[PDB]
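Heads up, the chain below is alone and in the form deposited without the ligand; it's given as structure tokens.
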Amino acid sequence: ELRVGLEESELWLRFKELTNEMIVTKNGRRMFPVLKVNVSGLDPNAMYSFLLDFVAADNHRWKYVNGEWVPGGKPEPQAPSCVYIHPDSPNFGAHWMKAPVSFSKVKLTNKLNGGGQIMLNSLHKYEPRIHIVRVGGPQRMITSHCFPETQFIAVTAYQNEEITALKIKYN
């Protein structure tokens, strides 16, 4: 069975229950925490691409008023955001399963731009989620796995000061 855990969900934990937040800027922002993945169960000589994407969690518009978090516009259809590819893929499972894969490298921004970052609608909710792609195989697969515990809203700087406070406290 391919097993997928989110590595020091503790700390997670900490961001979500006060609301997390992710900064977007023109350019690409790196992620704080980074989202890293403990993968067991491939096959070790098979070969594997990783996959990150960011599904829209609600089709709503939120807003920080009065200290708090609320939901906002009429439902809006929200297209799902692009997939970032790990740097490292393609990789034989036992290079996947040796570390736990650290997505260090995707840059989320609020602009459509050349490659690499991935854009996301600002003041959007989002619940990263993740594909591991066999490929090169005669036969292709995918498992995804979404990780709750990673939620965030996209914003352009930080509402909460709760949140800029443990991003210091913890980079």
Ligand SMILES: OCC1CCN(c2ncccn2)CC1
Contents of the next structure:
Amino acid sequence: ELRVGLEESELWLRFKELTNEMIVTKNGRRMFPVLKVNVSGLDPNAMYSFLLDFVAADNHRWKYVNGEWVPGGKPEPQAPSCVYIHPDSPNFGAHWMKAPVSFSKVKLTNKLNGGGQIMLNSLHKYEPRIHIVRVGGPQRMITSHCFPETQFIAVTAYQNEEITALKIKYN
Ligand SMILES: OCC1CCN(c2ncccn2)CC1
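In place of the form deposited without the ligand, the structure of the form deposited with the ligand bound is requested.
Now the complete complex, all chains and molecules, led by this one.
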């Protein structure tokens, strides 16, 4: 059975319990913490690409009001994010299972941009998700996994200084 797990879930949980925030810029900002996934149960000899996208966790605009995050009252449908291809893709099961798959080069933007960058809506809450795509072989297959622990709000600057401090303490 294909097992997918979160490396350093203990650090992600420190961020989650304060409500995590991720900076988004015109040119795109890398994530801290970095999403790292432990994968076991692949065919060492089979071929896979690792994809990353962000699901809008709810249909609301959020705002930092008197030191607390609160959702707007007027939901809109959230068009899903674009997919980031892990640069080691495509690659052998063995490649993927030898060390945690780390998405350190994905950059989060707020502007439609050349590409590589993933555009998110500022002040929307997002749940990171991966697709492990079996490629090259005859029987194409996809396995998807969400990481609730890694939820954040996309912000142009940090609102909760407790987040600012955790980010600096552990980078
Ligand atoms: O058929 C598989 C899909 C096609 C695109 N993919 C890709 N592209 C470039 C490098 C690594 N992977 C993976 C998803």
